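Listed below, chain by chain, are the residues.
There are 2 protein chains.
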Amino acid sequence: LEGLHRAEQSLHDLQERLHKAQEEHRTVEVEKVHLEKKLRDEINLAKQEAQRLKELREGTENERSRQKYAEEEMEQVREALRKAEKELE
Amino acid sequence: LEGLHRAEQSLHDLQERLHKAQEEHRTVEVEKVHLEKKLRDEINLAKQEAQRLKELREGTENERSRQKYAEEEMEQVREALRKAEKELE
Numbered sequence: 021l022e023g024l025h026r027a028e029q030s031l032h033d034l035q036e037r038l039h040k041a042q043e044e045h046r047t048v049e050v051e052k053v054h055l056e057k058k059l060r061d062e063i064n065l066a067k068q069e070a071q072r073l074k075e076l077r078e079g080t081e082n083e084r085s086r087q088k089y090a091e092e093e094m095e096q097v098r099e100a101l102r103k104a105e106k107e108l109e
Numbered sequence: 021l022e023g024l025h026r027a028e029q030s031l032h033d034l035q036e037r038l039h040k041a042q043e044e045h046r047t048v049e050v051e052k053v054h055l056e057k058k059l060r061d062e063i064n065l066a067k068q069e070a071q072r073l074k075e076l077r078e079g080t081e082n083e084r085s086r087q088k089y090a091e092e093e094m095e096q097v098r099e100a101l102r103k104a105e106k107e108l109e
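Chains as they are written, first to last, in this note's numbering: chain U, 21 to 109; chain P, 21 to 109.
Next up, chain U with everything else stripped away, as it sits in the complex:
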């Protein structure tokens, strides 16, 4: 009698705990799962975008420099072509 009543309170107890944990692994443990994805996707998106930025900055740099060198040659062309024409008064 006395022995029972007591243990019962520990059952209706235990039973609510297991039900809160069943409330958590479906409300709490889901905000954390949605979030983990958001975070992981944002991070990977950024890592990949910095690899773009970088690779792009590099590409136009090459192009600039190629164009510069072509221009320094067109300078030489200009001067020498003018010396030719001039010499033929």
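Be aware that one or more of the hints could be misleading.
Note that identical chains are pooled: a pair holds if it fits in a single copy or bridges any two copies.
Listed below are the simulated SDA-like cross-link pairs for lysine to any residue, each with C-alpha atoms no more than 20 Å apart in a straight line [stated by the list, open to error]: (1) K74 with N64; (2) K57 with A41; (3) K88 with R77; (4) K57 with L31; (5) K40 with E51; (6) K58 with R37; (7) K103 with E91; (8) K57 with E28; (9) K40 with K52; (10) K67 with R26; (11) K106 with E95; (12) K58 with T47; (13) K40 with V53; (14) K40 with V50; (15) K40 with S85; (16) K57 with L101.
For the record, the hints were derived by calculation from the structure and aren't laboratory data.
Assemble chain P onto chain U, guided by the hints.
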């Protein structure tokens, strides 16, 4: 790069947690689920046994009182046959 490395720990830390929960869920929540059931079983088994003990002690008690009223009646017979026979001596 600075602000990334930072949140990367954040994503690693949140990832460890989310892995515990899916393990405690599947090994500790499930251990408390066994125990709730056995506690519930034992509690119920004891209630039915108490009722069954009550039902039987009661049965015994009329099977006993009915048969004590009989022994008294048979006693009266014993005495009435005694006097009848005695008076035809």
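Evaluation of the provided hints:
For a Cα distance limit of 20 Å, the shortest separation of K74 from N64 inside one copy, 15 Å, qualifies, whereas the shortest one across copies, 71 Å, does not. With identical chains, the CA atoms of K57 and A41 are at most 20 Å apart between copies only, with a shortest distance of 16 Å across copies and 22 Å within one. With identical chains, the CA atoms of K88 and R77 are at most 20 Å apart within one copy only, with a shortest distance of 16 Å there and 112 Å across copies. For a Cα distance limit of 20 Å, the shortest separation of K57 from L31 across copies, 9 Å, qualifies, whereas the shortest one inside one copy, 38 Å, does not.
In this assembly of identical chains, the alpha carbons of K40 and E51 lie at most 20 Å apart whether taken from the same copy (15 Å) or from different copies (15 Å). In the homo-oligomer, the alpha carbons of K58 and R37 lie at most 20 Å apart only across protomers (16 Å), although the nearest pairing inside one protomer, at 30 Å, exceeds that limit. In this assembly of identical chains, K103 and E91 lie within 20 Å of each other by CA distance solely inside one copy; the values are 19 Å within and 155 Å between copies. For the homomeric pair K57 and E28, the shortest alpha-carbon distance between copies (12 Å) is at most 20 Å, but the shortest distance inside one copy (43 Å) is not.
Taking CA atoms no more than 20 Å apart as the test, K40 paired with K52 passes in both settings, with 17 Å inside one copy and 13 Å between copies. In this assembly of identical chains, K67 and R26 lie within 20 Å of each other by CA distance solely across copies; the values are 13 Å between and 59 Å within a copy. Proximity of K106 and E95 under a CA criterion of 20 Å is satisfied intra-copy only: 16 Å inside one chain copy versus 165 Å between copies. Taking CA atoms no more than 20 Å apart as the test, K58 paired with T47 passes inside one copy only; the shortest distance there is 17 Å, against 28 Å between copies.
Taking the closest pair of Cα atoms, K40 and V53 come within 20 Å of each other both inside a single copy (18 Å) and across two copies (13 Å). Proximity of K40 to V50 under the C-alpha cut-off of 20 Å is found in both arrangements, the shortest distances being 14 Å within a copy and 14 Å between copies. For a Cα distance limit of 20 Å, the shortest separation of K40 from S85 qualifies neither inside one copy, at 66 Å, nor across copies, at 54 Å. Proximity of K57 to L101 under the C-alpha cut-off of 20 Å is found in neither arrangement, the shortest distances being 65 Å within a copy and 101 Å between copies.
Taken one by one, the earlier hints fail for this structure at numbers 15 and 16, listed in ascending order.
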